[PDB]
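Visitor: Assemble the whole structure, with the sequences as input and the hints as a guide.
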Amino acid sequence: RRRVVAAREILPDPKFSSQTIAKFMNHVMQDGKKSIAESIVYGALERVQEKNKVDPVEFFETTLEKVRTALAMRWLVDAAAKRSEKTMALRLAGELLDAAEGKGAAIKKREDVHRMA
Amino acid sequence: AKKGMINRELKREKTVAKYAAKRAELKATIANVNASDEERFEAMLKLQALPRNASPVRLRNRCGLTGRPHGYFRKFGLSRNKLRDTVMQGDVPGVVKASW
Amino acid sequence: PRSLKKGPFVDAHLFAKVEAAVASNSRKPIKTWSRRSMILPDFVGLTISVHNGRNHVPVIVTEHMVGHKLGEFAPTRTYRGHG
Amino acid sequence: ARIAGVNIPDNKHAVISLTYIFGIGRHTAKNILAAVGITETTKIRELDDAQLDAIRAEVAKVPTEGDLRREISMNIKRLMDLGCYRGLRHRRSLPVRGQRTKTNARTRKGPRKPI
Amino acid sequence: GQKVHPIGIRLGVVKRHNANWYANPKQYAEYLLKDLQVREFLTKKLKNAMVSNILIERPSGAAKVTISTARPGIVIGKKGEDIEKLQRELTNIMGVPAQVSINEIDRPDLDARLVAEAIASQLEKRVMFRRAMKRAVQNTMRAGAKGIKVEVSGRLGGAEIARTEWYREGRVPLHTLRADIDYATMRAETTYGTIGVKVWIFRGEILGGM
Amino acid sequence: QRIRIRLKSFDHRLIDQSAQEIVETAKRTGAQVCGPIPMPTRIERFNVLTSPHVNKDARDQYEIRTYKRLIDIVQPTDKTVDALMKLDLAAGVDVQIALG
Amino acid sequence: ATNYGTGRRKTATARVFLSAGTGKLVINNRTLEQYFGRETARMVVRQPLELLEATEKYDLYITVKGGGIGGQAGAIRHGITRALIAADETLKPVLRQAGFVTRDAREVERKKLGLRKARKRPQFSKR
RNA sequence: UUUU
RNA sequence: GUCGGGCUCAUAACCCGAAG
RNA sequence: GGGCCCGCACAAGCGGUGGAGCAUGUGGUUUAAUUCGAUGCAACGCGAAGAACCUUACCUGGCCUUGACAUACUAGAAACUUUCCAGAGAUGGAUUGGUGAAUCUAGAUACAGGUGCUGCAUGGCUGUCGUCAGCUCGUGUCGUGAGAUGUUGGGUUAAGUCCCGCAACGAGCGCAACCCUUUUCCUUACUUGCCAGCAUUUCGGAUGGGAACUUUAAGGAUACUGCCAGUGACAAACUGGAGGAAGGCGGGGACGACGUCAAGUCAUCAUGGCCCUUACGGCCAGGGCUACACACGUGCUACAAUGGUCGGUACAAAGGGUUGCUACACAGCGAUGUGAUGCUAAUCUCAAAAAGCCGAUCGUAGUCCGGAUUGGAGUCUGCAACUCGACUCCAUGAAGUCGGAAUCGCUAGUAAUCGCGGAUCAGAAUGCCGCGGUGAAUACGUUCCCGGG
Ligand SMILES: C[NH+](C)c1cc(NC(=O)CNC(C)(C)C)c(O)c2c1C[C@H]1C[C@H]3[C@H]([NH+](C)C)C(O)=C(C(N)=O)C(=O)[C@@]3(O)C(O)=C1C2=O
Ligand SMILES: [Mg+2]
Ligand SMILES: [Mg+2]
Ligand SMILES: [Mg+2]
Ligand SMILES: [Mg+2]
Ligand SMILES: [Mg+2]
Ligand SMILES: [Mg+2]
Ligand SMILES: [Mg+2]
Ligand SMILES: [Mg+2]
Ligand SMILES: [Mg+2]
Ligand SMILES: [Mg+2]
Ligand SMILES: [Mg+2]
Ligand SMILES: [Mg+2]
Ligand SMILES: [Mg+2]
Ligand SMILES: [Mg+2]
Ligand SMILES: [Mg+2]
Ligand SMILES: [Mg+2]
Ligand SMILES: [Mg+2]
Ligand SMILES: [Mg+2]
Ligand SMILES: [Mg+2]
Ligand SMILES: [Mg+2]
Ligand SMILES: [Mg+2]
Ligand SMILES: [Mg+2]
Ligand SMILES: [Mg+2]
Ligand SMILES: [Mg+2]
Numbered sequence: 003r004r005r006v007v008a009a010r011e012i013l014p015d016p017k018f019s020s021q022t023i024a025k026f027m028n029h030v031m032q033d034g035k036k037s038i039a040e041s042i043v044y045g046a047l048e049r050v051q052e053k054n055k056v057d058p059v060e061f062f063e064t065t066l067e068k069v070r097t098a099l100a101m102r103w104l105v106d107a108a109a110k111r112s113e114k115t116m117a118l119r120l121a122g123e124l125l126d127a128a129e130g131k132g133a134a135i136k137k138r139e140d141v142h143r144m145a
Numbered sequence: 002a003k004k005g006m007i008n009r010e011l012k013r014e015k016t017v018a019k020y021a022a023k024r025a026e027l028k029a030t031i032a033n034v035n036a037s038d039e040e041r042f043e044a045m046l047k048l049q050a051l052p053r054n055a056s057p058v059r060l061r062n063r064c065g066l067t068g069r070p071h072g073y074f075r076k077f078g079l080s081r082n083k084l085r086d087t088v089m090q091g092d093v094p095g096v097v098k099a100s101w
Numbered sequence: 002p003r004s005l006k007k008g009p010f011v012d013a014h015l016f017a018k019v020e021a022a023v024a025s026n027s028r029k030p031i032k033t034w035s036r037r038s039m040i041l042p043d044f045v046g047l048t049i050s051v052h053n054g055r056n057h058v059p060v061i062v063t064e065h066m067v068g069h070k071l072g073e074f075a076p077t078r079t080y081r082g083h084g
Numbered sequence: 002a003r004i005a006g007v008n009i010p011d012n013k014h015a016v017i018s019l020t021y022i023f024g025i026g027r028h029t030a031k032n033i034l035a036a037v038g039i040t041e042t043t044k045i046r047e048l049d050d051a052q053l054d055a056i057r058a059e060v061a062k063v064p065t066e067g068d069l070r071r072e073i074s075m076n077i078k079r080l081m082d083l084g085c086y087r088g089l090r091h092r093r094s095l096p097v098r099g100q101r102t103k104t105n106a107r108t109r110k111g112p113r114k115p116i
Numbered sequence: 002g003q004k005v006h007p008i009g010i011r012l013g014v015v016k017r018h019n020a021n022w023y024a025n026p027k028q029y030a031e032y033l034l035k036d037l038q039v040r041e042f043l044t045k046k047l048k049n050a051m052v053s054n055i056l057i058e059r060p061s062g063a064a065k066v067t068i069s070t071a072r073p074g075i076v077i078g079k080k081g082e083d084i085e086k087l088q089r090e091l092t093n094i095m096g097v098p099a100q101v102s103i104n105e106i107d108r109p110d111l112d113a114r115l116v117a118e119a120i121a122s123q124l125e126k127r128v129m130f131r132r133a134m135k136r137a138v139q140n141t142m143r144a145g146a147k148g149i150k151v152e153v154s155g156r157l158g159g160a161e162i163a164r165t166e167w168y169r170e171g172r173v174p175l176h177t178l179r180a181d182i183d184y185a186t187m188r189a190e191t192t193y194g195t196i197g198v199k200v201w202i203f204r205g206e207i208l209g210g211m
Numbered sequence: 004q005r006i007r008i009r010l011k012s013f014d015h016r017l018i019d020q021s022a023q024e025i026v027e028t029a030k031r032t033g034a035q036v037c038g039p040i041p042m043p044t045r046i047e048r049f050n051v052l053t054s055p056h057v058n059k060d061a062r063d064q065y066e067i068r069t070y071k072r073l074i075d076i077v078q079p080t081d082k083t084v085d086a087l088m089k090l091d092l093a094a095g096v097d098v099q100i101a102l103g
Numbered sequence: 002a003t004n005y006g007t008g009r010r011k012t013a014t015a016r017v018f019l020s021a022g023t024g025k026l027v028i029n030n031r032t033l034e035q036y037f038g039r040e041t042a043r044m045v046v047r048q049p050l051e052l053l054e055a056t057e058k059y060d061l062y063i064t065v066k067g068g069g070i071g072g073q074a075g076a077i078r079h080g081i082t083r084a085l086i087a088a089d090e091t092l093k094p095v096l097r098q099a100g101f102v103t104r105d106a107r108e109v110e111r112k113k114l115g116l117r118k119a120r121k122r123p124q125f126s127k128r
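Residue numbers (PDB author numbering), protein chains in the order written: chain h, 3 to 70, 97 to 145; chain o, 2 to 101; chain t, 2 to 84; chain n, 2 to 116; chain d, 2 to 211; chain k, 4 to 103; chain j, 2 to 128.
For the record, the hints were derived by calculation from the structure and aren't laboratory data.
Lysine to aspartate or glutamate pairs mimicking EDC-like chemistry, simulated, CA-CA at most 20 Å apart:
id, chain 1, residue 1, chain 2, residue 2
1, o, 15, d, 31
2, d, 27, k, 47
3, h, 137, h, 63
4, o, 76, k, 47
5, o, 76, d, 31
Guide: Here it is as structure tokens:
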């Protein structure tokens with residue numbers, strides 16, 4: 003507060019036990035509807051895995067690096109929204125693939141920040 | 002309140018006490034299904050022929066000490082103010098300050 | 002509205018006056034304080050000086066005015082304009 | 002395609018395109034496409050003109066654009082002329098069912114006005 | 002300011018109620034009001050007596066009132082004409098055959114009720130309120146209680162602006178719920194208006210709940 | 004024959020003392036008792052505005068709790084129920100007895 | 002060969018009966034997927050036994066009343082590890098370092114007198 | 001930055 | 001410039017919006 | 001006026017309000033009257049835990065005088081009970097059963113009576129600073145004395161909380177604890193509640209039974225730097241980690257010091273005083289508080305797909321119920337109606353939880369979004385729903401495509417969201433108070449903003 007406080011830990015997601023993707027599905031989550039979030043993000047991962055075969059816990063982590097933590101998640105989740113192609117599980121999965129292939133939608137969305145350097 | 006109000010409510014509920022069984026049997030006669038309908042019109046007309054102050058719908062509940070009509074409690078028969086000051090001096094059974 | 006199984010509502014005083022002035026075909030209007038009695042086909046032609054809080058406004062019970070209460074025909078709030 | 006004098010949407014379900022006719026909502030369109038026998042899922046684009054005329058006969062048993070609008074404005078006219086409470090309220094563009102007026106009447110009363 | 006009433010907060014904690022009955026959830030108010038008039042009348046019938054407490058019991062549909070007073074004489078006098086007719090006078094107000102017993106209050110100086118009684122009986126005697134309060138705290142601390150506050154408020158003896166004065170000698174723990182604290186308030190009806198007497202007396206904590 | 008005694012009170016220090024006062028009472032001249040089961044308690048709460056005039060937030064929140072207890076006397080003797088009604092029940096506790 | 006566990010999380014109770022047998026589950030006379038459509042509730046229902054990597058050496062007959070989806074999932078997992086370390090006490094260290102042993106205390110906080118929602122207070126207004 |  | 005809002009315990013300024 | 005410190009005070013985040021429709025309170029205006037109170041924080045869903053009549057205090061007319069009700073005095077009659085009419089009603093008339101205390105009537109004198117004024121004459125109660133940490137006393141020391149010290153300084157802490165310093169040493173009221181609740185375990189209690197193990201299973205603890213378990217409600221145990229490491233001044237304290245269900249104040253609630261604001265309230269009540277007494281008192285019926293060019297506050301609902309609709313299937317707690325809730329059956333599209341049933345209740349009922357999950361559907365639009373608004377036809381309460389109720393069905397389908405300056409709440413089972421309940425109450429909750437379901441993000445830091453010691 004005025005003096006000092008710590009941070010809070012979150013229980014790693016029950017599918018892969020990776021804390022980062024759990025923190026990520028805690029970002030699409032809104033109004034306590036964790037089920038919607040879990041369905042959305044697991045669907046995004048199961049879509050990015052079968053095409054572009056990569057271990058998905060390894061995958062999201064090898065793709066967020068070109069986005070930078098929490099700020100990258102916000103940029104993703106909103107850049108994942110302004111697509112209106114199909115269900116949200118799809119415009120997160122296509123956005124993860126766009127970030128992997130080095131697009132401008134999220135891979136170079138923060139480039140305007142590196143442009144400012 | 003002004004004593005006219007307490008006398009007015011003693012008045013109204015005294016009436017309701019007077020014409021009670023009459024209003025009850027009339028209300029019963031109306032909802033009858035095995036009765037003639039000339040009667041089911043006579044009963045209506047006679048019921049609404051009563052004093053306005055006959056039907057307890059017109060009453061209002063008031064404090065057992067002051068007579069204050071807002072803030073009433075049917076569990077106690079008093080309004081709010083004298084209720085507070087009686088619960089605190091230890092005059093009521095069961096009531097304490099609540100917390101959970 | 003009132004429940005159709007309870008029938009329409011009419012007061013006893015006004016209705017006694019209406020039944021006594023139909024047998025006379027009186028032309029004097031009926032001065033009432035009801036405002037709540039429903040307009041019957043009995044009433045057509047007659048004119049009721051019905052209250053409006055301050056005054057009595059006589060309204061002539063016309064044909065399309067059935068199914069209304071008396072008071073519906075006397076605006077109780079005075080409003081002309083603001084400015 | 003052309004039912005009761007309106008061009009209902011074509012490439013859409015039948016129960017939902019039947020409601021563009023002023024006088025039909027979901028209940029009445031469901032009643033129509035039940036009494037004729039065409040399921041609501043069927044898109045209008047796939048309708049042979051053997052059923053359009055039956056459903057035309059159906060809407061013809063319904064008060065629709067012209068006559069409905071007419072008798073609507075005619076009842077309000079009876080009210081306006083009968084000089085009763087609600088006719089008065091209709092003359093002034095105020096809420097007539099008994100809604101508050103100190104504020105919160107900008108749909109009957111229009112938008113806000115300055116001094 | 003804005004303090005809770007002393008007895009009201011230690012009611013389920015360490016104090017007992019001045020009414021001990023049971024009443025079904027639709028016949029409760031009948032009994033309560035039958036009780037309130039009885040208290041209201043007894044507090045005048047025994048006003049120049051020295052009552053400090055009225056306890057009304059309704060055992061199994063009966064009536065038994067116990068008044069804890071200092072002088073059982075003034076409420077009895079000649080034995081055989083008041084307490085057996087006072088039960089007649091109460092039965093008319095409770096509506097149930099009533100009984101009235103006597104609680105001879107030893108140490109007639111531990112009652113905030115009676116300290117307030119004497120203090121206001123002096124105030125309406127047109128006495129100097131400072132000597133009154135302080136004489137009363139002398140009277141009460143000596144008698145064995147371990148703390149006393151006396152509070153007195155409002156147009157004291159007839160000035161035009163109100164003021165409040167208190168005297169605190171000893172120990173009075175109010176935030177301590179296990180503290181046996183007697184508290185009583187009264188109104189001295191002077192010809193100048195109303196003076197409010199409040200009296201807190203302490204005697205030592207309660208150890209053991211109930 | 005069964006004797007279901009149900010106790011009610013606004014206080015529990017009274018109901019429990021009366022129950023364990025009567026249970027021993029019977030067990031002295033008999034047997035076949037199933038003890039005072041505790042049945043869930045009713046707790047009704049109140050809010051009382053405390054000021055005379057206008058302070059919506061300032062409220063004393065009160066409670067009142069009615070506690071109920073069960074007591075079974077399965078097959079008591081003929082020298083038991085006599086000593087059962089031959090026992091003075093305090094105030095603040097109500098006892099209702101039903102033969103099954 | 003019969004061991005019992007009582008697991009409370011929010012308002013749930015989750016009476017768990019664990020026995021040595023096959024890997025089979027019945028949640029209030031209903032199968033694991035017949036009961037929790039949220040297959041993450043099943044994921045944490047299968048947190049403790051799978052952490053011990055057994056998942057086949059015990060049958061579980063469970064009965065839970067109270068709470069919701071997540072409350073009952075956490076309650077069942079709780080009761081399961083209680084039954085578990087009541088069987089093989091030496092297990093408690095491992096189930097301690099992942100958090101499956103601790104009765105989660107957080108209950109819903111009560112509403113307040115004057116407050117919207119128990120810490121939500123009315124929108125403050127000046128002038 | 002004006003007023004107590 | 002005015003009118004409505006914002007700003008202050010209270011004022012203009014200032015900010016906004018609108019009509020003109 | 002400085003200095004320090006603190007606190008969703010700012011910061012970071014999350015969500016709102018200001019935009020739009022409506023609900024509600026206020027200002028204004030209006031008006032016969034729109035009754036009065038409450039005006040920064042600390043008035044503005046406020047007194048009011050519920051204005052159709054009643055409440056009701058206001059207006060319009062219509063009526064009354066020892067007065068609707070207290071006692072003090074005089075006379076004839078038991079309280080009473082019917083029945084009708086004039087009347088908008090009050091109000092009056094006219095009739096039947098009954099034959100020293102009472103209960104009306106009649107009269108006169110004091111008197112009653114006012115929600116009339118003054119909260120700036122008062123009490124009694126409340127807000128507020130603010131759960132902010134302070135407020136003192138005794139001795140002993142300093143100051144001719146009032147006074148000071150203590151109670152200051154370094155730290156620390158939620159804290160005049162604790163330690164170390166120190167002419168101070170102690171003590172009290174405040175703080176904390178004692179109180180209630182919630183988390184784990186134990187003893188008792190075993191029905192109405194429970195079903196582990198047996199069997200009977202009409203598949204329903206149902207029914208024998210069992211007293212295990214959940215629960216239920218009484219009596220207790222646990223937690224305290226206790227243990228180890230570290231920083232620290234032979235210190236407090238703080239950082240751990242071990243154990244532990246819980247770790248450091250585990251979580252919440254009640255309790256609100258001395259005082260301030262001539263803060264609020266003569267419309268709860270009481271009271272000194274002033275005013276009225278064919279009315280400023282009492283009683284009626286209709287209106288009104290429900291008005292509407294407008295201005296503000298606080299909310300409810302949405303603008304969409306993390307969604308709408310339709311079908312299938314789960315899982316709460318806490319409350320209420322005899323003038324009441326009503327299993328079930330029959331009728332209706334429904335609100336509901338009729339019969340019918342158990343229940344004074346861990347027994348019967350409200351009662352369906354919703355969001356959730358599964359399947360289809362719509363494909364980014366003023367739309368299958370959103371429901372305002374209006375027309376039409378009803379149901380129930382009620383003596384009556386015009387003014388001025390709630391609900392139900394059909395049609396009707398505005399605004400609104402994330403909102404300016406600005407601004408509010410929040411640090412964890414919380415914000416966010418999803419529904420349930422009650423009090424008041426014949427009927428009338430988006431308000432109040434509660435209940436549970438799902439369930440985040442962030443806190444670098446004290447330079448500033450705001451309140452305080
Ligand atoms: C000085 N004047 C104006 C005054 C006079 C009286 N009393 C009288 O009229 C006379 N009293 C008699 C009957 C003669 C004994 C007064 O009674 C008052 C006041 C002042 C007001 C001021 C109020 C003020 N306003 C702006 C709300 C205010 O804010 C406060 C405050 N912040 O504390 C007040 O004190 C105030 O509300 C108030 O109480 C006043 C009076 O009491
Ligand atoms: Mg009065
Ligand atoms: Mg009423
Ligand atoms: Mg249409
Ligand atoms: Mg304390
Ligand atoms: Mg709770
Ligand atoms: Mg509020
Ligand atoms: Mg504001
Ligand atoms: Mg911030
Ligand atoms: Mg004032
Ligand atoms: Mg006279
Ligand atoms: Mg004052
Ligand atoms: Mg005062
Ligand atoms: Mg300090
Ligand atoms: Mg201290
Ligand atoms: Mg003042
Ligand atoms: Mg006065
Ligand atoms: Mg006044
Ligand atoms: Mg009236
Ligand atoms: Mg109002
Ligand atoms: Mg829709
Ligand atoms: Mg538009
Ligand atoms: Mg906090
Ligand atoms: Mg909640
Ligand atoms: Mg400051």
